[PDB]
Amino acid sequence: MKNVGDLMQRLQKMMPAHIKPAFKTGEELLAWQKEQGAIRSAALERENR
Amino acid sequence: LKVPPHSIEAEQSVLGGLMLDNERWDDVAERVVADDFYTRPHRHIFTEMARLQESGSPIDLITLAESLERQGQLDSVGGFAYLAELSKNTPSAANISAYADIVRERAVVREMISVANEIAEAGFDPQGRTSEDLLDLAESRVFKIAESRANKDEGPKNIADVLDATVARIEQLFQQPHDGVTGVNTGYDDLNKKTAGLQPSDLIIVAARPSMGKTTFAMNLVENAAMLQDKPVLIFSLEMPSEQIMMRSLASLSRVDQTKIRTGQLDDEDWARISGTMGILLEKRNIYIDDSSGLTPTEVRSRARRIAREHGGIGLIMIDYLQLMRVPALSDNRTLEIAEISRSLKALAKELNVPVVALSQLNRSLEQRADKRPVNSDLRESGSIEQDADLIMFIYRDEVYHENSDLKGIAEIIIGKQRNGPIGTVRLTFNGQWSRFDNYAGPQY
Amino acid sequence: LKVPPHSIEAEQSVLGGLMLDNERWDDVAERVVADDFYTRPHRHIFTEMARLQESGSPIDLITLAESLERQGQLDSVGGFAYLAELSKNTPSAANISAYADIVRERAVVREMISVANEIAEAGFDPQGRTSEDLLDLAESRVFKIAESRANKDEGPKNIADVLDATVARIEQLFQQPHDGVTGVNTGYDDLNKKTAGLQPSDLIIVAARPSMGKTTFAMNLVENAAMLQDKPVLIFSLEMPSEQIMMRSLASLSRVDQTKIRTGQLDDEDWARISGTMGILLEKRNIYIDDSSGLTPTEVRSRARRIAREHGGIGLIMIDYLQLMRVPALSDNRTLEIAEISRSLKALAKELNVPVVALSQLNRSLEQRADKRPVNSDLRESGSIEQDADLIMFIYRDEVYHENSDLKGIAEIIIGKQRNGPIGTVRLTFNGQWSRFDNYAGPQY
Amino acid sequence: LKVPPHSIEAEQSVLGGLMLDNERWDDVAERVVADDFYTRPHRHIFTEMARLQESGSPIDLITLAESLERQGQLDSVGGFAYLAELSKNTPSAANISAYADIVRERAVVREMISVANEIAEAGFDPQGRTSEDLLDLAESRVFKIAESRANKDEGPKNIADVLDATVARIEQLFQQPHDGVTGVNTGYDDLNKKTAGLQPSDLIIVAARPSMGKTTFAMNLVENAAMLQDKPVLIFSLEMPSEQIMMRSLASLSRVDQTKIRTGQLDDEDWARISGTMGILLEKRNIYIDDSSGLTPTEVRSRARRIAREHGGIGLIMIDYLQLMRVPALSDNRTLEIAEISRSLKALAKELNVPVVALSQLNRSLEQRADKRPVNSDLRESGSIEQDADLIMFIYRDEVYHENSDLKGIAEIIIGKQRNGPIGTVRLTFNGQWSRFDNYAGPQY
Amino acid sequence: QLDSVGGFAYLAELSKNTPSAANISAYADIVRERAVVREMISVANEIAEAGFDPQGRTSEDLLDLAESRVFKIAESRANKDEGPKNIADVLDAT
Ligand SMILES: [Mg+2]
Ligand SMILES: [Mg+2]
Ligand SMILES: [Mg+2]
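Protein chains in written order, with the entry's author numbering: chain K, 1 to 49; chain E, 24 to 468; chain D, 24 to 468; chain C, 24 to 468; chain B, 96 to 189.
Okay, chain K solo, but in the shape it has when bound:
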């Protein structure tokens, strides 16, 4: 029914240009996620304490 092209085009119809994802891949995703995980845990334990 629809492919990457048409779907992402309809997606840009929602949200404008220069929205580049800064992941592009499967490993940097999990890496930055773990980074933010530890950074969040820092202020989390801070808020607990």
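These are computed hints drawn from the structure, not numbers from a lab.
Careful, some of the hints might be misleading.
Simulated coverage check for chain D against chain C, where a stretch passes if three residues somewhere in it have a Cβ under 8 Å from a Cβ of chain C [unchecked claim]: (1) 306 to 318; (2) 352 to 366.
Derived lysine-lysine pairs resembling DSSO-like cross-links, with alpha carbons at most 30 Å apart [as the list claims (entries may be wrong)]: (3) C:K431 / C:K216; (4) C:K216 / C:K373; (5) E:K180 / E:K216; (6) K:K24 / E:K307; (7) C:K25 / D:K25; (8) E:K431 / K:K2; (9) E:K373 / D:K175; (10) E:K283 / D:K180; (11) K:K13 / E:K307; (12) D:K216 / D:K25; (13) D:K373 / E:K431; (14) D:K307 / D:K283; (15) E:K254 / E:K217; (16) C:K283 / C:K431; (17) C:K395 / C:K373; (18) D:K180 / D:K254; (19) D:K175 / C:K167; (20) D:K180 / D:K307; (21) C:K373 / C:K175; (22) C:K175 / D:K307; (23) E:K431 / K:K34; (24) E:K180 / K:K34; (25) C:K111 / B:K111; (26) K:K34 / E:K373; (27) E:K307 / E:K373.
Ideal Cβ positions, reconstructed from N, Cα and C, are used throughout, including at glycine.
Following the hints, complete the assembly by docking chains E, D, C and B with the ligands onto the known chain K.
Using the frame of chain K, we list chains E, D, C and B with the ligands on its own:
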């Protein structure tokens, strides 16, 4: 119907695997033995290849025959014409270890029935004999069976084994990249240790109370597995439809909240991270979702196998709130209905050689108890699915219950059982505003 | 000229196709089922073939014969010579699934003949009841087999398709510029945040101990809806009749005591505010109260589908003290009765695409606890209602237990589960003299 | 044994009843239809009589025959002599609308047979039809038949009808300007404020430990509403017989201690008040007492319907310590037993529109609290009595526990539940020697 | 349910019959009176044949059965002065 049970197809397949692979002899030898087989020529070939893999490295087609000729046994085990069929058959992939283990199991069973007949004879045949020396015979026999067992991990350990690790510490422990994993990477390094990943031919059970986050976890697993594997994964969501599952998953990945997604209060700094993970989830086409209501295990089997054939072989099955699964045969008796469904899912796990994620609930027997850290019995039906599964693991987020807590944001994954390893208790962190468990950076447990 | 039709040439053609096409087992399984045949020997053959194709793959003519033999059943289903006559015939290759389609279609026709014959016979001699239940029996069989068949668009789909629907939702929500209320508004602004409004396919629950404000709060929800929502609403007052509900609602809407309505001791300002709320409620014609006591989910679905087709589509349902709902089939077991109730109400909400406010009492477990705030466990029966719901929100009003409290006139709405939103503890003000909850712009919580 | 269902004696019976009755026609017209009949001559008669009842009011024997002649149809519908058979017989009484309703639903039954025949006709004759144009077709058939549903006295109840009834009640109340007691009076002028009297249809519950004064309180309510209302009151003393109740009541009304009564040791001023209270009680003839032990609710119903028939209509019921009441079907599960009981009592109050007092007990959960002032959760069983009730009002006179208490002769009536009104703490004064509660002129509570 | 309980004309015949007067109390009296006797002889038969067939029983465990059934009849029947009494009928005994 009634016969000596012995695997022969996978037997010849293992033998041809040893033919076409000189490498895979060690671990397969740790389980299968010459006495582990049923017929004679298979035993001959195994003992020959064992003697040769001790010394004679190249054995696929010819050196077996050469040794067989050195000892002069041609046409005693069939013949070279009988042998050619063995290298001919079994072009199978790396799935040989499971074959080896099940053939070991079949050998143990064969020993068991042999001993059973021996004991029947001993009972019918006293030969002027007190039953003291007869029950003692039987009990000594049973213990001699279960003693050796080729198994040394479920139980205590001699100090030799203890001091192995103790001294291995002080010299060899540079091993901190312990990524020792066999199966589906869960996506949780603190958890992947104690479980060794999802062994691809077992039954998983993820269960806890409803406000606790289990579905979030069992979505995080398939969510990672779609990305790491290049293999499909299935989602039987018998509770709620796809449009909420996916809206959750996008938020788990991108690290934004479902609210802004279903509302529209989200700027560039979220738009980008949604677009990226969306693009990733399109460029693989792994995941398939089924928003059914009242599936039967027959339909589970059918709808796993419609896809197992098309796309190589599927990698993971995920059932949501199992108990909704019906079978109109046992529409009256609930207990045997649940036990039927459990056995059926375990059968499917055996069939496709894939892991089955299949959730369940906890009855309200812990809430008349201050512990509230569940156990194997608090399992809501039949006491049956604590037997048909090689794995169970429960959850506990204390800050649903205690508002004062200093254990908040945190959620231990108790592992309540394993039949291929040790149990434990992981300690993750929960941030449900974007519906995710993360690996925890903190003190001991 | 007249017969239950069955194409038997195409039937046996599909049989022999499954015989000499051993790969293709699922494609025909998409449409053929064991009982789907017209003739029983074919049922025997197909169930043997299916049992083997699960476990034993290679079967065309002869190992299926051995499987039939292992239980000693040769010639009980015709004979193996006839089975070879099956295997010999039908060299068709192109089309099996279409033959299976027409065979299953004829089987559906056949079962329709069966059902119609059952109706005619159970109109001639159905053996004793009031025919009010007979009309319901017709409708029940009708809609049951409707739900048993109709879903054949069902199947696992692709993320490139699921995301289309997901992004459609995100489009029509991101399209429409409105505040964070994607659903039905409650009127309470501090409860719409934790809820985003009563979402349109859920089973909301509103529980609390007997005199705490269940019916009161729920009527305030439907009032605020009816005044805001421009679509009907239903009120299943199983407990107490309309002529109390509506006094209570007039007071809720116009802030005057119940006594000054059930006594006539009221002043000009009050006479006026009554005239106003009345002349409002008459112009819209939203509300529809059922003052019948012992309803079933069948009847609830019937009445709701009736108000639906005529008056557009409903927007909200309220069900007072769920536990009065019945289903006489399961009157011997109460837990299963409540389970059927809950599943029926969820399915209803999913059918008409509305919410279903479903009150429920609580058990006397929280009394011997010293906190008295209810937990998700303390629900009156079956514990399925703590599983089948997208939202629970208990009620707690401390002035009932504590006369030493500095927290009176204050009723707090302890959320206890929400699958797609946060837990919380909302806070509101109770003035039961006119049966209203109002917002509490006071200190934090 | 098996035949197309249709009844014909009711047919001719209704027709002749209309022949001998021009007054009552609309009531049968609301149920029966022209097509509702089986035979066409009677269809002609019914539709012609109905056309005339629109146009020509007097239709008994000759106006209808003359009309049927004006359409030129004599001897096509039998004959005028045959019609004389119709007009001669069936002089039956007012049980005519019963015939109307049953024949209405018999038309519905015959419709069911016809429609099942239609479905079986589409079945035998597929007409090359798709399953999706088959099921939903034949199912929307029954749905379309359900759409008829002339039983328009149920769930689809628009708001205006509710408000019509409510305004009618408010006119019942305001057209009679009186004090703020819209209900039964008690005599206790401090209690009617928090209660507005005992409402006619609610189920009242009076509850206290075994020697706290609840039989006494209830007897005072009944024997005061016997003196005020000129309307009967029943007493189901399941616990003690009449010969103690009435002694107690003589002492209550006449204020003489019971010991002077039975021992015969009383003085002239006492004998006078005895004479007076008896001369009242017999010059009103208003009280009935049933000293039966194990009454099921059906027995209670029947024995109250009798007095609601013979002696006008009743105004109060009192049931002592309902935990005696049985329903032998549920003898094993006590909880469900009591729930049935309470539901039956509520239904009785709604059937007769008269208040049911239902004394209950309390569990021993007060004693391990040190407060002892009871709450709803301290009811003896089932928790339905705290759900199917509308006014619980406990009794706690404190000198029973605290010997050294400054409240001797004080018994406070803790209204612990009330739907249509407030909770509170009434105070009274206990004078037990003559078995009375009296009002209390005292400080601010 | 038709024709398992006789017939339709069978049903009508009962209505056509018995235009008798208000002596319904006495008729229902005797019609009630006879069935308890029928149950009594039924129980007598049961007790006797159960005596013929002890099924691991002693006389002590058998006269107990007899007492139990006979008085379970008697108590279940004997309370036939029941009803809500007018107050005069109460105060007379008082
Ligand atoms: Mg879930
Ligand atoms: Mg209520
Ligand atoms: Mg008493």
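Cross-check of the supplied hints:
For the segment 306 to 318 of chain D, the stated coverage by chain C holds: 9 residues have a C-beta nearer than 8 Å to a C-beta of that chain, and at least 3 were required. Counting residues of the segment 352 to 366 of chain D whose C-beta lies closer than 8 Å to any C-beta of chain C gives 1; at least three are required, and the coverage claim is violated. At most 30 Å may separate the alpha-carbon atoms for a hinted pair to count; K431 of chain C and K216 of chain C meet this at roughly 24 Å. For the proposed pair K216 of chain C and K373 of chain C, the alpha carbon gap of about 23 Å is at most 30 Å, so the pair holds.
Annotation: proposed proximity of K180 of chain E to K216 of chain E holds, straight-line Cα distance about 21 Å (limit 30 Å). Distance check on the hinted pair: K24 of chain K and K307 of chain E sit about 13 Å apart at the alpha-carbon level, within 30 Å; holds. With a C-alpha separation of about 22 Å, the suggested pair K25 of chain C and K25 of chain D falls inside the 30 Å cut-off, and the hint holds. Taking the CA atoms of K431 of chain E and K2 of chain K, the gap is about 43 Å. The hint is violated against a cut of 30 Å.
Of the supplied pair hints, the one linking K373 of chain E and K175 of chain D holds, its CA atoms being roughly 28 Å apart against a limit of 30 Å. A C-alpha spacing of about 26 Å is found between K283 of chain E and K180 of chain D, which places the hinted pair at or below 30 Å, so the restraint holds. Among the hinted pairs, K13 of chain K with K307 of chain E is consistent with the structure: their alpha-carbon atoms are about 24 Å apart, no more than 30 Å. Our distance criterion of 30 Å between C-alpha atoms is broken by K216 of chain D and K25 of chain D, whose separation comes to about 64 Å.
In summary, the hint linking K373 of chain D to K431 of chain E is not supported, as the alpha carbons are separated by about 34 Å, beyond the 30 Å threshold. Distance hint between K307 of chain D and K283 of chain D is fulfilled; the C-alpha atoms sit about 26 Å from each other, no more than 30 Å. Distance hint between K254 of chain E and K217 of chain E is fulfilled; the C-alpha atoms sit about 24 Å from each other, no more than 30 Å. Note on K283 of chain C and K431 of chain C: the hinted pairing holds, with a Cα-Cα distance of about 23 Å set against a maximum of 30 Å.
Distance check on the hinted pair: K395 of chain C and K373 of chain C sit about 33 Å apart at the alpha-carbon level, beyond 30 Å; violated. Between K180 of chain D and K254 of chain D the alpha-carbon distance is near 34 Å, which puts this suggested pair outside the 30 Å criterion. Pair hint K175 of chain D plus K167 of chain C holds up; C-alpha atoms about 24 Å apart against a cutoff of 30 Å. As the CA atoms of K180 of chain D and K307 of chain D are separated by approximately 43 Å, the hinted pair breaks the 30 Å bound.
The hinted pair formed by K373 of chain C and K175 of chain C meets the criterion: a straight-line CA distance of about 21 Å does not exceed 30 Å. A hinted pair counts as satisfied when its Cα atoms are at most 30 Å apart, and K175 of chain C with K307 of chain D qualifies at roughly 21 Å. A C-alpha spacing of about 19 Å is found between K431 of chain E and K34 of chain K, which places the hinted pair at or below 30 Å, so the restraint holds. At roughly 38 Å between alpha-carbon atoms, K180 of chain E and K34 of chain K are farther apart than 30 Å, so this suggested pair is violated.
Among the hinted pairs, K111 of chain C with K111 of chain B is consistent with the structure: their alpha-carbon atoms are about 16 Å apart, no more than 30 Å. A distance of roughly 34 Å separates the Cα atoms of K34 of chain K and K373 of chain E; the hinted pair therefore is violated under the 30 Å criterion. At roughly 26 Å between alpha-carbon atoms, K307 of chain E and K373 of chain E fall within 30 Å of each other, so this suggested pair holds.
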